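What follows is a single chain, given as structure tokens, in the form solved without this ligand.
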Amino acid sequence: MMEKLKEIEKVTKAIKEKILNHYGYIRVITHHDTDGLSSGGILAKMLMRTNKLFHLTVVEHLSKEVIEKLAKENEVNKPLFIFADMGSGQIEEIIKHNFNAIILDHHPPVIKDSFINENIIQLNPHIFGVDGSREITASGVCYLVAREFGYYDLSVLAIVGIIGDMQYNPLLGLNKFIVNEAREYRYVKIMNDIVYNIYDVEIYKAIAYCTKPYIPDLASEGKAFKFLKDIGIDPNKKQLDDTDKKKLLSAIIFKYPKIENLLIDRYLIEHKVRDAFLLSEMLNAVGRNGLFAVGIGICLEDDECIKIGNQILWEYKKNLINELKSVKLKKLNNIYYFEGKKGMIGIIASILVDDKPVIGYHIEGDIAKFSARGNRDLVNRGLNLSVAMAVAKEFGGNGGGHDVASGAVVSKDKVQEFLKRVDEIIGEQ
């Protein structure tokens, strides 16, 4: 059990008092990812209810350049700064420039102290042994502050961040605590359901652009429409009922045998976007596109911001199916590999995993960047991609971490030799 929360609650009561007693400008810096926008929304709602006007800025990276610019505004009547999914790692520069500052972070800390001089407070649950890799997100840290004011309804946005940062399989620690609070206070219903019911669009559209999972023989409106018609589902239906689910699963198992991946615990939230999965996806797509303020408007439930969000999400999903259909996969005994576009190799690699591991790579300058990916059924059968990718050391290179995700870097001239060798090291099956 978590007496770690009692230790958390000491810092939250202080953050509350620091906000309640601050009568000047308040300045909120947050990130463009789902965890950042969610954090933005929770913070926005918390501060409006506490009668604080504030200026919200969304930032890609919190670099030295950006701290300096933020700092040039700290001479002119110094605002309280609230850093969201960031600040713990750049704290030395924040202390230097003498910001009146609150850091709400879950990235690994540089200073394992909550109270850093008068007028800096860092809430980073690593300091209490939580783990921002698996048990808490920024949305969640921001929610832990919101609770001190009695704003349990902001838990809905906390859950969006949990899904954003991929900390919902499995749901551990504080994240588990937050979801249970949201359920206790009636702001989320959790129910097992087929993945296609997340999108509240026509089922054939839900199936065609779905990448969780990506079933390639169904990845176009035509094929998905044919497939649904041939087994008696109204393809323009927006929710599959229990009878439809059976007909769908019964038939799809021939094209996609791992039925269990089509069934998901759905978070149904008290938010105009009724599905936390859908909201997470929407927020990520407006963030990818630099529509940060629209992002904040989706969190605040603006009808037009949501219409924009829906349009951008479905554009994003079409482009992603187009990029997947264009990958030239190459078989190699134990492994598929592909050459791909800078920034895309990892996300593509994880979507293309069925039976065997998948290594994507980009050739930039003198160097080849690999991203190797697998699944739980692959680690259970003996797979660790960390040891596989480490074989880069044999080619003058370096090789990455984790049993499913891992990367590597090798000279462009040694690609075919490296992949050959990573393939052999998957004798561990």
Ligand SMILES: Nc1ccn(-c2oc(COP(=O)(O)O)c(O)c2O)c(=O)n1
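Rigid core here is just the name for the largest C-alpha set that superposes within 1.5 Å across the two forms. Numbering follows the first chain given and starts at 1. What changes on going to the form deposited with this ligand bound:
Fit the rigid core and compare the CA positions between these two forms: of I26, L70, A390, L47, just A390 moves by 2 angstroms or more. With the core superposed, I231 shows a C-alpha displacement of at least 2 Å between these two forms.
With the core superposed, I8 shows a C-alpha displacement below 2 Å between these two forms. Remark: with the core as the superposition reference, the CA shift of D413 between these two forms reaches 2 Å or more.
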Given for the second form:
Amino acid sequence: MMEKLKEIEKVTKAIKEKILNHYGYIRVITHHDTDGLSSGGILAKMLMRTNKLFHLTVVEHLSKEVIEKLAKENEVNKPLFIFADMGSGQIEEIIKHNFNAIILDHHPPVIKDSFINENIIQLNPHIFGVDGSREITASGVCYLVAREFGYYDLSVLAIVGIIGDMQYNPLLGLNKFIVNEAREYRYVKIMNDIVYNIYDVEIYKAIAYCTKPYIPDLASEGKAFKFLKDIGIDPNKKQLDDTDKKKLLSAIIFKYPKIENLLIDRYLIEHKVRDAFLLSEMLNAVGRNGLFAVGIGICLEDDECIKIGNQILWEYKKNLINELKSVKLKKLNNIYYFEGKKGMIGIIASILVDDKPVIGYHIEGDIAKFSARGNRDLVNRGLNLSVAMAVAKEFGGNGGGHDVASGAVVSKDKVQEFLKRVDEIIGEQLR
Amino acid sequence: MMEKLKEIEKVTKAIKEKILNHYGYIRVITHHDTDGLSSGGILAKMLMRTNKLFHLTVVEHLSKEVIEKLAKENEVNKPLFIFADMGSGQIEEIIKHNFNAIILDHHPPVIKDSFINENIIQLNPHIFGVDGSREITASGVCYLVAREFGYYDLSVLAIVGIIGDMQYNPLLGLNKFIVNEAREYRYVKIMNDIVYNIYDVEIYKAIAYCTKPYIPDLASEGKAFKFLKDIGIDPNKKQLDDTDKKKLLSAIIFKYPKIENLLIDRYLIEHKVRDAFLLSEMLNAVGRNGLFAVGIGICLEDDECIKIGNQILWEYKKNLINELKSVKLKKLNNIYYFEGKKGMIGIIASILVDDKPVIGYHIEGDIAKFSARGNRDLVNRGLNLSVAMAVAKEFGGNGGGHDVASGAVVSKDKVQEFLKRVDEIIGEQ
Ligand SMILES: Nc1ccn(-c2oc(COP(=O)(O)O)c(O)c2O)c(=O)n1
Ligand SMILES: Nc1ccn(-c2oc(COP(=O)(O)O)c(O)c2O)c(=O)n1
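Cool, the form solved without this ligand is there; where's the form deposited with this ligand bound?
Let's see the whole complex now, leading with the same chain.
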């Protein structure tokens, strides 16, 4: 691990030299999710500290269109482009326009070389044998650059990215090295705790609007207040102590039996939003509302951006619970399914997973698009969603993905027939 | 005076909506001095809070060449341009290239319209009879916009600009409004104190490197150390209690009875750098070293940028004391002048300013850059260095600025060009 860093150092030292020696305009292009907003915050602090002004842009996807734009900016003043959380999959188009570019990306690469030509450096963990889907995130890749300047304090934003991208449990590889470095330098403290204590609000509100895990019987202030009053916990206190937690967990197992999902390692970071899980949820809510520049401001610790962020988070959590209560969950033999809204079927499906996989779909044209979700105990019993969604190619469509998360497309009139098929495949996977 | 605000608010509310309603790119251009870097920090926070991504650039001068560049960024995706601490004098060129522009400038305006056309809003306090040399800075103009959003905490950066532009004594007009508002909202506390207590370093170092007041006989660590030893003050203390204050004031006023401004109104602001006078000096030193993005970082309260700022500031103050000892002031008929280094020219001129205007210059390639400084006494007698330095066009260049402080460029006609400015300052006085 000490040795794997030494091979990565070769690429990060060249990235550092390329940034220091460049005196023109600098363009940063990042994603809108939590990992991309954290990456943008890391790059922003790092560039400022090395005396670089820059122009930051947030894109949902790096399409052929957007790369062709931006290439128009290249014609006079060829700026240095830093791509975060993107770029590796689009590298052919980036070479094609001869960008001066640094690509900081954890997605599977098309070209497995760190040094592409004279003008392009690619920092991608897959080139070093590190799985970008479980051992490092985009904000961790940026952090690896940042630490060549000795900016260890930016490790707190990598931890946020680690949470936002769902790589915190288990904590593997480079992610584990980053957290341990942050703890060594005292930028983070680690504390096993109950998930409700990350919000610093009245516990009955934390319970009421929690979606990790979602507990339907408690998903309202009234029901949460009453449940707490019953077991002798003051519903208005903002932190459960050890006696409260024992009493809560003892009672709650009857409503939600997988109570291990309520216990987490909390990360207390050196940041105005001291809970990394809360900062992660805040960045997520802000990015889903299009408040990109506010999200950078939150990473940069601006008080007014943090105030906006807190207001937008609790609005986003209230609306999510409401959407969750409006889902009409239908049950086949081995799965659940539901029709929902185009932007949220995947989020809703992952939230609803309990004992069986959950598939949401939305009907747009005559197309019908599906998002399937399971969990790790389902995978350990033999679930693989990619092959179950592949069956879409029998109903004139396309489907695949990962064992725990997949999608598919199938003509609008074959919906019932496709779900029956998927239901049977899955039932045989789990015997 | 509350009436002038009611007239300014109409332009600030329209700047507000013009920013809110823009969803393409946004370019911010500021100056590299304390006031311009503070303006950059104010606009950066304001824009982020309103969900605006932006590209900030810091230029030393808004030259014609610089304006033709930038204008090539209009050929596809036409940004909104925000100019701070500049643009009013260059207004005609801005109109010619048809920028979508907001001008936040306290230099004397060429066109005295707030709404130039449908494309340009110009917020100049001179347009409303407020003196941009004494009663508001470029920082305060940015803050008047910011307060339309309720961003009262941004007043602390306007106060830093007030200090960097030498408008804090006397505290007048709109700057007085801004200071009082920051006090009402508890973002600043005011406390009379000796200047040397702002540095929070050993006092003999604070005396040795102080240039307001500059005391050549104390401007060394050795002499300052001895001078304090000899009156009963531990020179390694970092702050002076009242008894050592009184003992230092009388000793200084006795041996140097013309010295002034040893007692100052300190502005303790809600900012990681708590002393606004120190923050103003730190931004100046950083900007003079070309560290523009680090200075914005300091405004945004980044710890590493502030660490660099402290280191650069003390490097800069030592270098400055060495240059002051070395300067060769030369007398013409109504000005002094000297050659010095690119980062020191302006500050030395205003340190040495006493009876007549002072003009420093440095050669940089094939041209010479001039920084002329006066005082308010000289302006009250009709100085106006803006018109005087304008005669760089009579020599193939350009000049401008404030009545009390202006600059000029090109080429190697230095003594010829110098001769002409002495001429106006005769007629002007
Ligand atoms: N032939 C394929 C291969 C992969 N995938 C894929 O599926 C998800 C989750 O699915 P959604 O996010 O679309 O619900 C991904 O993250 C992802 O790369 C697919 O859909 N089809
Ligand atoms: N053509 C011009 C017009 C204005 N100014 C200007 O002058 C000062 C004081 O002068 P320096 O340039 O010596 O700092 C400024 O703050 C500043 O914006 C200039 O330099 N040239």
